[PDB]
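Engineer: Residue-level listing of the chains:
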Amino acid sequence: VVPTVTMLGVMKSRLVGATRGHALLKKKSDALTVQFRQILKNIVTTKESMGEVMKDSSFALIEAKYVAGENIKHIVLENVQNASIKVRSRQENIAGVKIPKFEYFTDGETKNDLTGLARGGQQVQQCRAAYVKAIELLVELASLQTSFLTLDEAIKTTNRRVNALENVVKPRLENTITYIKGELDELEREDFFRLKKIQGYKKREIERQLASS
Amino acid sequence: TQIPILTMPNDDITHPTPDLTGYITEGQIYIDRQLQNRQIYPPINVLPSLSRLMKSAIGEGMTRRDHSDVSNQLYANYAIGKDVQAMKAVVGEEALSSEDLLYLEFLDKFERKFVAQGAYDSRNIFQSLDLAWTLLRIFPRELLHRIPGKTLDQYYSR
Amino acid sequence: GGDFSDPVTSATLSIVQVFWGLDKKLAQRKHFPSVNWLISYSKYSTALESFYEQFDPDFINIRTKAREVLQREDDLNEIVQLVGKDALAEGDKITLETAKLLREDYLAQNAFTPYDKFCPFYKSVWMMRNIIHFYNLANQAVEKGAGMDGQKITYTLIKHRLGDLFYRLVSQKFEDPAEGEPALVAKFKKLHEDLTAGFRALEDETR
Amino acid sequence: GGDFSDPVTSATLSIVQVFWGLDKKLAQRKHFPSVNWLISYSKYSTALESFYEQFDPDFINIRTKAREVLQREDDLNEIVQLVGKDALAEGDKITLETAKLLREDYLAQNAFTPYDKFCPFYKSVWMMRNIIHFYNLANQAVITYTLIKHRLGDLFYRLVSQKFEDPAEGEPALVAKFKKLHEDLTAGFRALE
Amino acid sequence: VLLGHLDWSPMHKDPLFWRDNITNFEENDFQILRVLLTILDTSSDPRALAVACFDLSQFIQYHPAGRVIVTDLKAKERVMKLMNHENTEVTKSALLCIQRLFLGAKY
Numbered sequence: 009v010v011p012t013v014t015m016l017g018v019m020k021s022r023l024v025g026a027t028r029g030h031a032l033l034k035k036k037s038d039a040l041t042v043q044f045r046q047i048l049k050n051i052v053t054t055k056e057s058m059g060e061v062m063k064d065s066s067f068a069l070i071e072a073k074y075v076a077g078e079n080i081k082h083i084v085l086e087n088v089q090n091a092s093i094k095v096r097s098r099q100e101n102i103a104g105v106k107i108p109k110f111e112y113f114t115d116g117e118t119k120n121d122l123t124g125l126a127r128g129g130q131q132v133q134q135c136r137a138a139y140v141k142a143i144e145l146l147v148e149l150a151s152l153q154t155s156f157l158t159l160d161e162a163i164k165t166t167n168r169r170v171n172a173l174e175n176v177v178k179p180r181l182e183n184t185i186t187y188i189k190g191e192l193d194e195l196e197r198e199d200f201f202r203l204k205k206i207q208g209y210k211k212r213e214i215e216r217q218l219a220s221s
Numbered sequence: 327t328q329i330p331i332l333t334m335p336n337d338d339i340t341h342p343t344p345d346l347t348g349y350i351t352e353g354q355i356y357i358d359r360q361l362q363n364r365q366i367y368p369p370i371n372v373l374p375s376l377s378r379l380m381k382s383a384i385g386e387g388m389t390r391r392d393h394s395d396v397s398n399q400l401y402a403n404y405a406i407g408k409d410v411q412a413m414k415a416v417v418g419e420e421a422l423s424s425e426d427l428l429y430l431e432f433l434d435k436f437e438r439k440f441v442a443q444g445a446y447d448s449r450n451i452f453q454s455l456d457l458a459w460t461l462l463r464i465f466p467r468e469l470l471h472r473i474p475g476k477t478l479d480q481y482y483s484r
Numbered sequence: 417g418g419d420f421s422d423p424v425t426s427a428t429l430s431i432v433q434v435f436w437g438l439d440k441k442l443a444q445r446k447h448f449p450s451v452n453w454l455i456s457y458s459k460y461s462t463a464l465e466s467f468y469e470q471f472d473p474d475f476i477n478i479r480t481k482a483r484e485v486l487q488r489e490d491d492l493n494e495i496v497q498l499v500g501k502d503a504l505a506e507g508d509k510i511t512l513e514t515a516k517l518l519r520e521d522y523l524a525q526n527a528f529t530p531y532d533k534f535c536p537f538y539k540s541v542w543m544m545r546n547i548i549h550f551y552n553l554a555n556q557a558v559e560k561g562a563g564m565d566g567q568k569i570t571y572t573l574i575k576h577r578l579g580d581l582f583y584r585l586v587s588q589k590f591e592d593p594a595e596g597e598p599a600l601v602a603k604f605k606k607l608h609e610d611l612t613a614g615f616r617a618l619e620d621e622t623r
Numbered sequence: 417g418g419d420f421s422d423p424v425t426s427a428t429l430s431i432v433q434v435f436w437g438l439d440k441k442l443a444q445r446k447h448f449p450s451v452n453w454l455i456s457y458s459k460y461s462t463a464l465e466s467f468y469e470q471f472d473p474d475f476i477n478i479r480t481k482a483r484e485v486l487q488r489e490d491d492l493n494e495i496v497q498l499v500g501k502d503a504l505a506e507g508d509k510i511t512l513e514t515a516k517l518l519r520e521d522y523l524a525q526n527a528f529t530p531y532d533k534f535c536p537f538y539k540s541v542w543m544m545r546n547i548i549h550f551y552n553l554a555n556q557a558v569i570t571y572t573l574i575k576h577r578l579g580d581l582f583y584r585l586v587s588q589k590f591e592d593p594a595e596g597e598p599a600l601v602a603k604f605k606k607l608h609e610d611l612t613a614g615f616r617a618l619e
Numbered sequence: 340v341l342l343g344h345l346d347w348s349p350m351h352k353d354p355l356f357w358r359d360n361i362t363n364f365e366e367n368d369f370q371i372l373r374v375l376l377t378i379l380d381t382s383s384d385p386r387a388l389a390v391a392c393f394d395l396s397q398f399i400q401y402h403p404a405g406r407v408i409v410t411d412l413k414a415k416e417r418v419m420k421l422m423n424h425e426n427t428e429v430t431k432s433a434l435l436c437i438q439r440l441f442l443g444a445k446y
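Protein chains in written order, with the authors' numbering: chain M, 9 to 221; chain B, 327 to 484; chain E, 417 to 623; chain A, 417 to 558, 569 to 619; chain P, 340 to 446.
Hints should not be assumed to be uniformly reliable.
In silico DSS-like cross-links for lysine-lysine, where the CA-CA straight-line distance does not exceed 30 angstroms [as the list claims (entries may be wrong)]:
(1) B:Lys-414 / M:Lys-35
(2) B:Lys-414 / B:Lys-381
(3) E:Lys-603 / E:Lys-481
(4) A:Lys-533 / M:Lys-178
(5) M:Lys-20 / B:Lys-414
Here are a few chain B residues that face chain M, going by a calculated C-beta distance under 8 angstroms [unchecked claim]:
(6) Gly-353
(7) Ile-357
(8) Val-416
(9) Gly-418
(10) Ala-421
(11) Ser-424
(12) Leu-427
Source of the hints: derived by calculation from the structure; they are not laboratory data. The beta carbon of each residue, even a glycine, is placed where N, CA and C say it ideally should be.
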């Protein structure tokens with residue numbers, strides 16, 4: 009870019025703004041990383057639900073098999089009284105990230121039931137009780153994925169600003185400072201020094217001419 | 327005692343006169359353009375401003391005992407409030423904790439009730455420190471980490 | 417210091433017509449010609465239009481195509497320096513492709529080898545025609561491949577199924593002109609025909 | 417503004433052999449010595465090594481180990497910054513803890529306190545030995571870091587106490603107390619392994 | 340914990356509060372208590388360690404399993420350092436902590 013005092017001021021302002029924006033983006037990325045760590049911890053904690061509720065559902069299934077032998081299956085698939093599975097979605101916002109929220113049958117709205125099997129009460133209390141845990145796990149996984157993507161984007165932007173933009177601007181500021189002070193200021197003194205030399209030469213010539221008379 | 331008023335051209339300190347007088351003196355009380363735009367009559371940017379030997383003025387015989395404590399607490403709390411406002415500009419302000427809102431309201435009160443002194447509202451240092459304590463007492467007594475003991479018990483009770 | 421704001425350089429460029437500017441970065445990367453194709457310029461391209469026309473009608477157009485490819489490569493590099501190699505359009509990927517080839521196989525010259533000490537003009541013409549033909553065939557495949565996935569995303573597949581012709585394109589610069597003018601022109605023509613047939617068949621196979 | 421680019425600064429750095437580098441960041445963090453270990457250097461150590469070894473041949477090796485620990489301190493710093501202390505190994509955790517102890521117990525002075533107003537070279541050498549030797553003896557045992575931390579928890583408080591020793595008792599008495607704590611720390615390190 | 344300042348107050352020298360607080364800590368083996376044990380091991384204020392030792396003692400007496408864990412925890416290491424430490428009040432509280440773990444190890 010062309011070096012000038014106004015250009016130097018503009019470059020300094022751009023560097024200051026870049027530093028401020030980098031700090032703000034680092035803060036946002038840190039907050040998003042904290043939220044992602046919390047979501048990962050929650051998912052790890054709720055992973056054990058997928059084992060506990062599964063064991064309970066297996067026990068209920070064994071009890072139902074011992075009660076009525078082979079389930080009807082086929083047309084109605086049997087094995088349950090609840091869980092008319094229908095899923096509804098919601099969008100929450102955390103640190104500017106649109107974290108989805110999930111609700112479904114036996115874990116929210118859109119649920120219905122009718123009759124059931126012999127142990128259908130037990131099956132609902134164990135096999136259909138895992139529905140809430142599954143919905144929570146799915147919501148946690150979706151939130152973790154969204155947070156990971158947002159954190160990756162923010163970290164890429166922050167790293168680019170720290171490495172490329174600021175280190176691009178600062179050499180530009182140094183070159184602009186050098187071009188002005190290193191050349192224009194030096195030339196101004198040299199021009200004036202040569203002018204003073206011309207004046208001194210004129211005075212000396214006048215004095216010598218007067219003395220020769 | 328000198329309080330020379332110097333104009334810094336182009337609103338920067340790199341100018342030869344301010345940069346030259348910086349070494350000779352021992353302080354800098356900047357007037358900030360944005361605060362003037364924000365219509366705060368004394369636009370003194372307190373956080374950038376400092377006195378290289380402000381410790382001598384603070385003391386027991388002169389002034390009041392709690393001067394240094396309240397000064398440091400105000401400094402730190404202002405910085406925190408500015409940082410929290412910057413964060414709320416980008417985090418949507420929904421995720422801010424209670425302490426973040428406390429610092430936000432403290433920053434607003436400090437800008438609109440403390441700095442914005444009237445052109446003729448003469449304030450003795452004692453009532454100025456009373457105002458400082460009024461702003462400070464919003465935070466819990468345990469939250470004012472920078473304040474030493476035996477001072478909170480003295481003044482935090484109002 | 418390399419800055420082109422020096423009084424000598426400014427006064428020279430104020431009157432000189434053709435200007436082969438050089439970049440220190442390319443010299444650092446052992447490029448050797450070091451001619452920065454983005455800043456250099458030649459005002460004499462207008463006068464030599466008659467010579468180009470009586471030589472080859474293709475060159476006047478493939479030159480513009482190559483210049484456009486270079487400008488697009490510069491813009492893409494500027495974008496990817498911060499966005500990242502992902503999320504690039506397959507057309508943009510095909511543009512960066514053969515732009516790397518033009519950089520490392522056409523403009524680059526060793527200048528201390530039996531092959532790159534001298535280079536006849538029409539040899540460079542055939543090199544440019546081959547590179548532009550590769551670019552045009554790739555973008556023709558991008559335009560229509562019996563589906564968007566089969567049209568443009570297939571560049572990775574091309575990098576393998578067409579790898580031999582790509583290697584021959586990048587290695588066609590290694591042949592010394594001292595090996596006989598008809599020999600080199602025949603080799604260039606054979607390479608062009610082989611690449612054309614192979615890529616046309618691949619674009620006409622399974623799509 | 418702290419920018420070591422002015423011609424005065426550049427010439428001084430080019431001529432001066434030893435630059436100590438006081439840092440305002442440490443002063444903000446309430447550091448009495450305020451000497452930034454990351455930027456200070458002593459180009460005369462090679463010539464001083466004769467006296468350093470004559471006083472104690474192990475002192476120069478201790479200094480080299482301390483320099484290595486300081487170099488690894490920033491490494492562990494970004495390690496904790498990016499993933500946290502969890503990913504640190506038992507040896508890595510021990511190294512980080514020893515670096516923190518060195519920074520907050522020996523690399524820092526207390527000036528105003530009568531016990532740390534003046535630090536004799538004897539007391540400094542014994543403190544450096546009692547720190548580095550303990551660091552190694554804990555290092556080669558890698569033992570669970572948490573298990574080592576619980577066993578050495580009293581020792582960590584004792585190391586701060588070893589620094590708290592006054593020079594009034596005389597150099598030998600302070601040296602013997604530093605040695606006794608070091609010997610007890612070493613005995614805990616080897617017997618418990 | 341959140342303030343990080345340990346002061347004695349009327350409910351921290353009272354047994355009843357600790358009994359209702361035991362359950363709230365459990366989140367990964369008294370995770371709040373484990374963080375408090377880490378706070379007892381390392382604290383910003385020397386004065387805080389003395390009240391911290393008071394607080395720990397009460398939970399361990401109430402929870403025999405907690406007392407054995409406290410001896411394993413770095414809080415016992417902090418108590419051992421406090422036993423080899425000046426200040427009468429810190430030493431009293433430290434001694435009471437040691438004894439609380441001890442009653443439970445051997446029956």
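Engineer: Looking at the structure, which of the earlier hints fail to hold?
Structural biologist: 2, 4, 6, 7, 11, 12
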